[PDB]
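Take a look at this single chain, the form deposited in one PDB entry, given in structure tokens.
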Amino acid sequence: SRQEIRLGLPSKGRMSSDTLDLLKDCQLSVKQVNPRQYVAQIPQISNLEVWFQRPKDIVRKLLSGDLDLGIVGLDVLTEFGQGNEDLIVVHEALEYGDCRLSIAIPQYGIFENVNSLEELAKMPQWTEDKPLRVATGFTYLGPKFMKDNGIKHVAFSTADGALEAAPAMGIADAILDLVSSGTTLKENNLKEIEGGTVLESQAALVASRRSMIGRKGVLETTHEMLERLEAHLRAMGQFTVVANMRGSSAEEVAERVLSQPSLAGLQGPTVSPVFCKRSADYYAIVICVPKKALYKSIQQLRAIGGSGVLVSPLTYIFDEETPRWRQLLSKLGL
């Protein structure tokens, strides 16, 4: 029917450039013969045509069938997708565009001892006649969230930006809007509440189910992208560690390391001998440790007769088969 595999990418903003940067880091650089046209290509994967588009246009064109793949925030996906079974998240966490969609209410007067959705719902002020008015851009997700949390008496007004104005303006009581830093809303005398968070968004690789099950090339490129993306993301959270351990043999050392359950797993330790002039004073284990627990791991393996540790970076980590690929095939099935 159509020859090329079409990837939609954000066109404007920091979301656009962060996406292009992530792609360059995975050897999926975008190239553009005509810089102020909206068509481009990733040469790494021939037959992959990219189309710069606004996040919701990407969701719209995935549904309408004019795109096969896309990168968008989970906010825009769940709002305009509306739970359509054709939209499949391939990677749910590209580690940018971090924000959450949450409820904000005034600190001020009638809301002062209210720090929970339970306690907000508990108030006597709201029956069907005078309901809890709440301004949002998420005209789909707001209703669904309130129904799903058993609150019947709410009325949503829509605004296309600057929602913080609504409570000061008197046009609503609460709001439902994106937050990432938390700056704006204390400065407009608003506050979040426990269980106010509707979802935590970030950039995601998304695909049409019909596109992937339909054409082998679409399934194959999605697989390549997934692997290249997670290989990059995994590596960004890992170091390779080279520690010098005391011991008579290589295999003796290997055990002591392999005994410690806290000590970081990978595929497994390698151990080669560290020479000196007299022969074989230390043994060099080569493991692969998460950045979060680097110092802990250094401390642990000092207790097990370790000495000099050499931390070096990783570019990529390709696991033989990703849990996400399994999960994706499972999401495709029905």
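Between two forms, the rigid core is the largest collection of C-alphas that superpose within 1.5 Å. Numbering follows the first chain given and starts at 1. First, how it differs from the form deposited in another entry.
- Among the candidates 190, 245, 212, 198, the CA atom that moves 2 angstroms or more between these two forms after core superposition belongs to 245 alone.
- Relative to the superposed core, residue 262 undergoes a Cα shift of 2 Å or more between these two forms.
- Residue displacement note: residue 141 has its CA displaced by under 2 Å between these two forms (rigid core superposed).
- In a rigid-core overlay of the protein, residue 284 has its C-alpha displaced by at least 2 Å between these two forms.
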The other form holds:
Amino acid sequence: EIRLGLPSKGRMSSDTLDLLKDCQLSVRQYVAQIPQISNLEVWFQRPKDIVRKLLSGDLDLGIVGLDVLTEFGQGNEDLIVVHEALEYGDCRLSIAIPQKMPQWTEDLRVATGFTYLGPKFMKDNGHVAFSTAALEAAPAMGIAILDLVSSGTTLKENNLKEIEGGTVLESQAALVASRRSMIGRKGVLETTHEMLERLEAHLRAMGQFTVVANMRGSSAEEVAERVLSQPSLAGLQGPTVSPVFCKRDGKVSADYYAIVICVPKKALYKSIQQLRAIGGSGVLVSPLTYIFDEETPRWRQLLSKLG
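To complete the pair, please output the form deposited in another entry; the form deposited in one PDB entry was given just before.
For this one, just the chain is written down, with no partner chains and no other molecules.
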């Protein structure tokens, strides 16, 4: 049996279920199954509960923000980040001040819910005491900020600004695994492998469009010659070119050719312009679930961390 922890509430939870639904890995009850991965069982927990059960051995995998992983995991050696950047849950844990200064003789208050990571940053380049408090309004009320910043709007609303070097950590959602489970529970390691591969291929896919265009041409080679002259019509390896038939004088002839290329989403609009310039029409654009390519070093780095 293989157990994977997922966030139970917050946007991290809805974004995680949205991620799984986009991978075609769909999951009142709190325990579910992902049937497309053999013997994989999902447990919905708060992220701190994912870290706690991963350390104890009740879970084998988890998806958690890097902030929760580093504070509640404490840099414990048992935890290994398999994928460090699932590209959601973007934030940074940092300190905010109003818009070395010697006023402290042990007799500087920072309000934070991160009871642990504040103290650690004081050994690196730091007289600091921590509290727990509307957290964002704490400097104005006199409680004491060290908090998560994403868009930074909360900082501007409370007349608070950010410092150079004030970012203690950059955080995304991450796929993490238990070391005791990967070495000791047979069957876990291969599904963490499959999970990493699927997440990489989905992230690449997310990503691209497949673009298919009708083009008038005499040969497949002339048409490909036209597509490859265009800078952003390169595709992964080049246009797939196939014949397109239509009835002329009661007889059929391949007057058109259909090309298919991958196009990055950010490049789509200008690509369309380019395709119109070389005579393409009826341009079908569609999304992808996965794009599998050559494996990234992430698997080998995981094995290097394991031995």
